[PDB]
Amino acid sequence: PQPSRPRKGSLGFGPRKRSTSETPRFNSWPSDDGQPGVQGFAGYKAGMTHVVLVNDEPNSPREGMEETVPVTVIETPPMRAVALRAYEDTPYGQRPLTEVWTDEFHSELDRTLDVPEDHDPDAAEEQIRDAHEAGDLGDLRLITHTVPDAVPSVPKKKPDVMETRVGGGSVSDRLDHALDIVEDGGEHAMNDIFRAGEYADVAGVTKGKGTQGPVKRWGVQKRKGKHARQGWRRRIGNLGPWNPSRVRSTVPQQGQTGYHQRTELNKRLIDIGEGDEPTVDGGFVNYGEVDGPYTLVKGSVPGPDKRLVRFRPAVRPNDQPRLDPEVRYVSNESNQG
Amino acid sequence: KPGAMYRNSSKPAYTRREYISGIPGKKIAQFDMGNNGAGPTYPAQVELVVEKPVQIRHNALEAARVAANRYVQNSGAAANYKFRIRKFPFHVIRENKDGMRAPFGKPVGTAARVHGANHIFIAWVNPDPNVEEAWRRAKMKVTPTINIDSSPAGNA
Amino acid sequence: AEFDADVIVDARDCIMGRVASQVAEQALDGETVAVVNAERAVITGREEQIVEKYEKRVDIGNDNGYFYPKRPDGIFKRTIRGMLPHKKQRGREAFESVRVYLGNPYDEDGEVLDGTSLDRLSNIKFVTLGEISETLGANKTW
Amino acid sequence: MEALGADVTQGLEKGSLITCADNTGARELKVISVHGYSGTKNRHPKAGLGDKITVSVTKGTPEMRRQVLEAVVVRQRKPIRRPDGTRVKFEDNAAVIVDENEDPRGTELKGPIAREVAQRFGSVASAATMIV
Amino acid sequence: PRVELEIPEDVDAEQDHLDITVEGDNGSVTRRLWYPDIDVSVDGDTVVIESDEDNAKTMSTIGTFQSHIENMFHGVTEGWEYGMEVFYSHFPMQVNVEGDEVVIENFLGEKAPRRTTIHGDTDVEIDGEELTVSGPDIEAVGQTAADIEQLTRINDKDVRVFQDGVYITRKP
RNA sequence: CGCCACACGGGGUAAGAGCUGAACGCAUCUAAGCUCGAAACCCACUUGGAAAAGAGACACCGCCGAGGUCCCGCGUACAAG
RNA sequence: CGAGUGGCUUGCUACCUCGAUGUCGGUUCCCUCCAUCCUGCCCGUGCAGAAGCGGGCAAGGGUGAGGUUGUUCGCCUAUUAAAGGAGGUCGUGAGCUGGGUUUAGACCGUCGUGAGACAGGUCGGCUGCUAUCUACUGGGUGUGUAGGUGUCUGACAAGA
RNA sequence: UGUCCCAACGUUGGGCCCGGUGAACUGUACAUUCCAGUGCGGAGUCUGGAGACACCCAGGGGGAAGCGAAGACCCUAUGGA
RNA sequence: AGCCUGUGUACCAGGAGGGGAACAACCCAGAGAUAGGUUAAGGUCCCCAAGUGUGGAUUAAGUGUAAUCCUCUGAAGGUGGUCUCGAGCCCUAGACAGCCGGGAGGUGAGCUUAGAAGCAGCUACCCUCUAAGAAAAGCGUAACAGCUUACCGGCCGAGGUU
Ligand SMILES: [Cl-]
Ligand SMILES: [Cl-]
Ligand SMILES: [Cl-]
Ligand SMILES: [Cl-]
Ligand SMILES: [Cl-]
Ligand SMILES: [Cl-]
Ligand SMILES: [Cl-]
Ligand SMILES: [K+]
Ligand SMILES: [Mg+2]
Ligand SMILES: [Mg+2]
Ligand SMILES: [Mg+2]
Ligand SMILES: [Mg+2]
Ligand SMILES: [Mg+2]
Ligand SMILES: [Mg+2]
Ligand SMILES: [Mg+2]
Ligand SMILES: [Mg+2]
Ligand SMILES: [Mg+2]
Ligand SMILES: [Mg+2]
Ligand SMILES: [Mg+2]
Ligand SMILES: [Mg+2]
Ligand SMILES: [Mg+2]
Ligand SMILES: [Mg+2]
Ligand SMILES: [Mg+2]
Ligand SMILES: [Mg+2]
Ligand SMILES: [Mg+2]
Ligand SMILES: [Mg+2]
Ligand SMILES: [Mg+2]
Ligand SMILES: [Mg+2]
Ligand SMILES: [Mg+2]
Ligand SMILES: [Mg+2]
Ligand SMILES: [Mg+2]
Ligand SMILES: [Mg+2]
Ligand code: NA
Ligand code: NA
Ligand code: NA
Ligand code: NA
Ligand code: NA
Ligand code: NA
Ligand code: NA
Ligand code: NA
Ligand code: NA
Ligand code: NA
Ligand code: NA
Ligand code: NA
Ligand code: NA
Ligand code: NA
Ligand code: NA
Ligand code: NA
Ligand code: NA
Ligand code: NA
Ligand code: NA
Ligand code: NA
Ligand code: NA
Ligand code: NA
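Residue numbers (the authors' numbering), protein chains in the order written: chain B, 1 to 337; chain H, 1 to 97, 109 to 167; chain I, 4 to 145; chain J, 1 to 132; chain E, 1 to 172.
Calculated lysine-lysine pairs in the BS3-like style (CA-CA distance at most 27 Å, straight line):
| hint | chain 1 | residue 1 | chain 2 | residue 2 |
| --- | --- | --- | --- | --- |
| 1 | H | 52 | H | 152 |
| 2 | B | 224 | J | 41 |
| 3 | J | 78 | B | 222 |
| 4 | B | 224 | J | 46 |
| 5 | J | 78 | B | 224 |
| 6 | J | 41 | B | 222 |
| 7 | J | 46 | B | 222 |
| 8 | B | 216 | J | 46 |
| 9 | J | 14 | B | 226 |
| 10 | B | 226 | J | 46 |
| 11 | J | 41 | B | 216 |
| 12 | J | 78 | B | 216 |
| 13 | I | 128 | E | 57 |
Over the 12 Å line for every Cβ pair with chain E, so calculated as not near, a few chain I residues:
| hint | residue |
| --- | --- |
| 14 | 64 |
| 15 | 69 |
| 16 | 112 |
| 17 | 145 |
No wet-lab data here; the hints were simulated from the structure.
Ideal placement from N, C-alpha and C gives every residue a C-beta, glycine not left out.
Work out the full structure, taking the sequences as your base and the hints as a guide.
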C-alpha cells in the first residue's frame with residue numbers, strides 16, 4: 001500500500017545556498033505602537049551556560065519555583081546610529097530618499113565605509129520634511145554599525161553595518177526622535193531598546209557545514225537492511241519518476257548546508273547586564289572571556305561563537321511580557337569537562 | 001446489460017422465427033389494460049409519442065407500461081379507462097457472449124422498433140387526465156425523449 | 004523615467020484587450036507608446052470567472068517557470084506582449100518601445116482611443132485591473 | 001493528559017519486555033501499544049514513564065498469562081529530565097497493571113515509583129510504597 | 001418605462017451621479033442606484049426612474065429602485081423600527097449595548113460574551129426583555145436587527161429544545 | 001536519544017445562515033444591492049531575489065587616484081574556485 | 001427500467017516496438033487527482049443530551065505500527081482524530097532487492113508406449129556500463145546594465 | 001546484537017587540488033529547455049505558448065523509450081540439430 | 001473500436017502548391033521556367049495580408065470564438081434565466097393579488113356513540129335571512145374552543161389568467 005509520510009525537510013528555507021551577507025537582514029519590522037524608538041540592536045555570540053530562575057509564568061503550576069534554563073551569552077556593547085535614512089512611497093514600492101549623517105565617527109569606521117568629509121545634513125533634513133509635507137514619506141530607518149573593537153574576544157575591528165527601522169508615535173515625532181539620536185553621535189545601547197523579560201526575534205547566519213549529503217541536509221533515510229550493504233548507504237532511491245522526464249527541484253539532493261540566514265522567533269531576554277557575571281571558568285571555548293555589556297538569551301541562537309546576531313522586538317509574540325525575571329543563579333562552571 | 005447495446009436500429013431486421021431458435025419469452029404482461037370490455041367510447045384520448053426511431057427491449061416496455069398502468073390506480077383497480085401499448089417486440093437481439112472469431116451472437120432477448128413520431132401508448136379517459144401523469148412516468152423508462160399528445164380533447 | 008512617447012494613451016474605463024490590440028498595431032508601425040492609468044483599465048465579464056482565469060495563471064508553473072504579473076502594471080504589458088511577435092527582432096523592438104504605467108506620470112492627459120471606452124452607465128458586469136491585482140495579492144501601490 | 005512535570009525520553013517500544021510492579025500475579029509484561037500515540041512511517045511506537053500502555057502478560061500465573069490488559073509505566077532505565085535540570089533513571093523498566101478507571105488491578109506496588117507518575121495516576125500513586 | 005415619485009413635503013432629496021441622498025427630520029440616507037441604462041434624477045418635486053428598455057431584468061430593477069427610494073422617504077420621516085424579545089429557559093441571558101455594538105452575556109451559560117457591531121446610525125434601545133432597533137436607513141436597521149437574532153444561532157443542538165435567544169417580534 | 005523556537009489577526013469567498021428587494025401590488029437570501037461565513041484563497045510571517053533588457057534606489061569616496069587583486073599571518077568559511 | 005461519467009480491473013482489437021522500451025511484489029524519493037477516511041465550516045435527522053446516521057463545501061495537513069503470505073489483494077491484533085482511494089511506462093532495477101515469475105539440475109502427483117508434458121506442487125539456481133547531451137541540487141568565471149565603497153528596494157519565486 | 005526504531009562519531013584507502021603518465025565506450029545532423037498539443041497511437045527538433053546571457057567545477061543518475069547484444073518469449077520458413 | 005470483412009466511388013500510396021495551429025488521404029487545387037494580374041478554399045481586432053464594415057436581433061454563460069474528426073463530447077431528465085409567436089377565458093357593470101370588514105342563523109343536522117357539536121365512521125345534504133356564507137375544502141381539540149378555504153362587500157386601479 002505504501003504508507004504515507006511527510007516530505008523530508010522544508011521547502012521554505014530555500015534555495016539552500018550560501019548567504020550573501022554574513023550580517024543578517026530583517027525583512028520585517030515591529031508595528032508602530034509605543035513611543036518612537038529604534039527597532040533593533042546587535043551583538044556577538046559568545047556561548048552557553050544555564051541560569052536558575054523563578055517560575056515567572058502565572059499559569060504554571062510551578063510559578064514561583066526554582067527552574068533551570070539554558071542560556072546563550074551574547075556580548076551587546078553600545079552601537080552607533082551614524083545616519084538617518086529616509087524612504088519615499090512610489091508606484092514601485094519604497095525607495096531611499098536621502099540621508100542625514102554626522103561628523104563624529106568611530107576611529108575605525110573607515111575600515112568599511114568611505115566616511116563622509118563633506119555632507120549637507122540640513123538640506124537632507126529639508127528634503128525629508130518637504131516629502132513628509134507632501135505626504136510621500138515612507139518609514140524611517142537608521143544606518144547602524146557595531147564596535148567589534150569593544151569586544152576583545154572578537155578579532156574583527158572592521159565594524160558590521162546594518163540598517164534598523166525606527167517606529168514611533170507619529171511620523172513627525174519619530175522623525176525628530178531619529179534626528180536627535182543621530183545628531184549626538186548615534187551612541188545607544190541594549191538598555192535603550194530592550195528590557196529583560198521581553199521577547200525578541202534573533203536573526204543570524206547559521207554555522208556553515210559545507211557540502212553535505214541528503215541524509216544530513218534534508219533528513220532522508222540511510223539505506224536500510226540488505227540495501228545498506230549493496231554499494232549505496234546514503235543516497236536516495238531515485239531522482240524522480242520516469243515522467244515527467246526531468247529532476248524536480250523538490251527532490252532532496254546534496255549541496256551547501258549551513259551558513260544560511262535564519263530569523264528565529266520569540267526569544268525571551270532573560271537578563272541584560274554588564275561585567276563578567278556570565279563568563280565561564282577556563283573561558284568560553286573558542287571564544288574568550290566576557291566582561292562588558294551583555295545579553296542573556298533563552299535557549300539557542302543561530303550561528304557559531306563570534307558571529308554577529310541581530311535583535312528585534314518579536315513581531316509575532318505568543319505571550320505577554322513578564323518583565324525582569326528573578327535570576328537566582330548563573331553557572332560559571334567551566335565548559336571543558 | 002445497458003440500453004446502449006441495443007437501442008439503435010442499425011442492424012438488419014431479424015425476426016424470422018423459422019430460422020431463429022431459443023428466443024426468450026417477452027416480459028410484457030398485457031397490452032390491453034383497464035376496461036377492455038368497453039370500446040374507445042371516451043371523450044379524451046391521449047397518446048405517448050416516441051420522438052426518435054429506436055429499439056426498445058421488452059424490458060423497457062414492461063417497466064414503462066407497469067409504471068404507467070400501476071399508477072393509473074389513482075383511478076382504481078376497476079376504474080373507467082382503457083390503456084393500450086400498440087407495439088410488440090418482434091426484433092430478436094443477440095450478444096457475442109473465442110473473441111471475435113465466430114462472433115455471430117446467441118439470442119438473448121427481443122425489442123420493438125419504433126419510429127420517431129409513432130405512438131407507443133394510447134389511453135382513453137373521461138375529463139380526468141391522471142393519464143398525462145402516468146406517462147411522465149412511462150417515458151421515464153424508455154430511451155427516447157417523448158411527446159405526450161392529446162387527441163380528442165378540446166376540453167382545456 | 005522619461006519616455007519620449009509619440010503617443011500617450013489613457014486606459015481609464017477602457018477595454019484592455021481593445022486598447023492593447025491598437026497599441027501593438029502602432030508600436031509595430033514604429034510608434035513609441037505609453038499606457039496610462041493601467042490600474043483603472045477595465046475588462047468585461049463576470050468578475051468571479053475573470054479572476055479565476057488570472058488566479059490560475061498565477062498558479063501555473065514549475066522549475067522552468069511561468070512568470071505572470073499581478074500588478075495592473077505587468078498584466079497590461081503582458082497582454083500587449085501577446086499581441087506581438089515578441090521573440091522576433093521587429094516584435095521585441097515594438098514591445099520594448101511600449102510602456103505601461105500606474106496612474107499618469109506625465110503632464111499631458113493621455114488620449115482615449117476610438118472604441119475602447121466602456122460606458123459605466125450601461126455596463127455593470129466588468130472589472131478594474133486594480134481590483135483584479137488586489138485579488139491576486141498585489142500590493143496596492145496606487 | 002496532565003503535564004508530567006518532567007521531560008521524558010521514551011525508553012520503551014512496542015514489543016518490549018518489562019517488569020510488572022505489583023502483586024497481581026503478573027511478573028513479565030510485553031508492551032503492545034501506547035495510549036493516544038500515533039507514530040510515523042517506519043518508526044516503532046515508543047513508550048516511557050507516565051504513559052498508559054496496552055500490554056500482554058508474558059510471564060506469571062497461568063490464569064493471568066496471555067491476558068491483554070492496560071497498564072502504566074512506573075519506572076524506566078532511560079533518564080528523564082526534571083525542572084531543576086537533573087536527570088533521573090531507574091534500575092529497570094516497570095509498569096503496574098491498571099483497570100478502566102486507572103485503579104491498580106493489584107493491592108501492592110513492588111519497588112519505587114517516579115513522583116511524576118503521581119500527578120497523573122492518583123490511585124496508583126496512593127498505593128505506592130516508595131515515591132522518588 | 002418611467003415612474004415618478006412625488007417626494008414628501010417633509011423631505012428633501014438630492015442626487016449627483018448614481019448616488020441619491022434623502023434628508024428628513026429623522027435623518028439622512030444616501031444610496032447608490034446603479035444599473036444598466038436606468039437613470040435616476042430629482043425633478044424638483046419628484047424623483048424620476050426611467051430607462052429606454054422594457055425587458056424583465058430592467059423592469060425588475062426599476063421596481064426595486066422604487067421601493068428603495070420610497071423606503072428612504074419613510075426612513076427620514078417616520079423612520080424604521082424592529083422590536084425584539086430576549087428569551088431564556090435556564091440561564092439568565094444578559095443583553096447590553098456597549099459602545100457601537102450590542103453584547104450578549106451568559107448565553108446558554110457561556111463564559112465568553114457574544115457580540116455584534118451595530119450598522120450605521122441605528123439605535124438599539126433596550127428596556128428589560130424588550131429591544132427596539134430603529135433608524136433612517138432600512139438597510140442598516142434590518143441588518144442590525146437580524147444580526148442580533150443571528151447572534152444567538154445554535155447549530156450543535158436541537159433548536160426545538162434549546163430556544164434561548166433574542167428574536168424579532170415586530171417587523172415595520 | 002539532548003535543548004530552543006515555529007501565532008494571532010485582518011481581507012475576499014465556497015457550502016450555508018440571513019438582510020433589503022423586484023420581476024409577479026403578495027411572497028421571495030438574488031435578479032441589481034447588502035451582512036456574515038471553511039483547516040481551503042489573499043495578506044500577515046520565514047527564505048531567495050538587480051540579469052526585473054523599464055537590467056533599480058540612496059549616501060559618501062574617487063577619476064591620478066577611490067577602491068580592488070596578488071602577497072603575508074589565519075579562519076566565524078571552505079572539495080577547485 | 002432508463003441516461004451517463006471515468007479509464008483503476010477484465011475482455012476485445014492488433015495501431016506502435018521483435019537490429020530487446022529489462023514484466024511481479026517490495027523498497028526509497030518526488031509531484032499530482034478527488035469520487036473526502038480524519039481534520040475545518042455547514043444541511044437534514046426516525047436531531048433531548050452524549051453517541052450516531054445521511055448529505056454539502058473543501059485536497060491545507062494527516063492517513064501510522066505489527067502476525068501469516070513473494071504476494072497485490074486480503075485475513076487478523078493492538079493503537080488511532082483517521083489509520084481514504086487513485087494517476088505518474090500497473091512512477092521508480094544506467095537506485096536497491098530478487099521472495100516470486102522464467103532457462104539449464106532434481107523430486108512428487110497426473111498424463112503419455114516413449115522422448116516428454118501440466119497457469120500443478122516443490123528444493124537449488126547470475127543482476128553489466130568510467131555520463132557526451134539534457135534535467136536538477138550546490139559551487140565558480142566572464143560578459144551586459146556603464147569608477148568605487150557601504151546600505152537598501154522588491155518585480156517575482158519557495159513554504160505546511 | 002546497529003537487522004530495525006534512527007542514526008552519530010571515528011579509522012584506513014579512495015574521492016577533491018597539484019606534477020608526471022594516459023586509454024576506452026560512444027558519435028546522421030542540429031541541440032538552453034519546460035508545459036501542452038499533434039504525429040505510425042511513447043517528440044530536445046512538428047504546432048502553440050512559457051522560459052532561456054555565455055562558460056566552467058562538483059554531485060546523485062529523472063530523461064535521451066541512454067550504452068551494451070540483428071529478442072532467448074511468440075509466430076513465420078515446404079530452416080537446422 | 002484508430003475493429004474485422006464486402007461493395008461502388010474518389011483519394012493517399014505515387015500528388016506539389018493554398019487553407020486547416022501542427023497532421024498521407026477534410027476544403028481549394030492537379031504542377032514546365034520567369035513575370036504581371038484576378039480569384040478559390042479560407043480569412044479581414046492583434047499576433048497576421050484584408051473591416052475594430054453596415055442594417056437588425058438574441059445571448060451574460062467567457063455560453064461561444066471547435067465544418068469534418070481516435071482528435072471538436074456531453075445524455076435521459078429538468079429550468080417563473082431570458083427573448084419571440086399563437087390560442088382560450090376574465091376585466092373600469094372594476095378583473096388578478098394583497099389588505100380591511102362579513103363569513104349569519106333552524107342547528108351543537110340525523111345516525112351511531114358515554115361522547116361527536118363542518119371535519120372518527122355511516123346517511124343525507126335539506127331552508128331562512130341576505131349583499132354573502134358548505135348539513136363544510138384544510139388545520140386544530142378528549143370532545144368543544146380557536147385558526148383559516150370556499151362564498152360577499154369595501155379599499156385599490158389595469159390589465160390579468162390558462
Ligand atoms: Cl533502503
Ligand atoms: Cl513557476
Ligand atoms: Cl515572436
Ligand atoms: Cl453590464
Ligand atoms: Cl501499536
Ligand atoms: Cl493530374
Ligand atoms: Cl476568458
Ligand atoms: K518487442
Ligand atoms: Mg549487490
Ligand atoms: Mg563542555
Ligand atoms: Mg559535568
Ligand atoms: Mg516499512
Ligand atoms: Mg449531539
Ligand atoms: Mg529504458
Ligand atoms: Mg466535491
Ligand atoms: Mg496538495
Ligand atoms: Mg511500474
Ligand atoms: Mg506507486
Ligand atoms: Mg539493472
Ligand atoms: Mg531507472
Ligand atoms: Mg552503472
Ligand atoms: Mg529464486
Ligand atoms: Mg522459495
Ligand atoms: Mg524457487
Ligand atoms: Mg516553441
Ligand atoms: Mg531478430
Ligand atoms: Mg523455444
Ligand atoms: Mg529435424
Ligand atoms: Mg507506396
Ligand atoms: Mg495587418
Ligand atoms: Mg467552454
Ligand atoms: Mg460535430
Ligand atoms: Na556495489
Ligand atoms: Na559493499
Ligand atoms: Na526506467
Ligand atoms: Na477457439
Ligand atoms: Na427517455
Ligand atoms: Na473580456
Ligand atoms: Na505562474
Ligand atoms: Na475569512
Ligand atoms: Na544590475
Ligand atoms: Na465512459
Ligand atoms: Na529496436
Ligand atoms: Na518493483
Ligand atoms: Na486534504
Ligand atoms: Na500483512
Ligand atoms: Na516500463
Ligand atoms: Na538489476
Ligand atoms: Na523492480
Ligand atoms: Na556498526
Ligand atoms: Na540521467
Ligand atoms: Na491520384
Ligand atoms: Na498546413
Ligand atoms: Na471560454
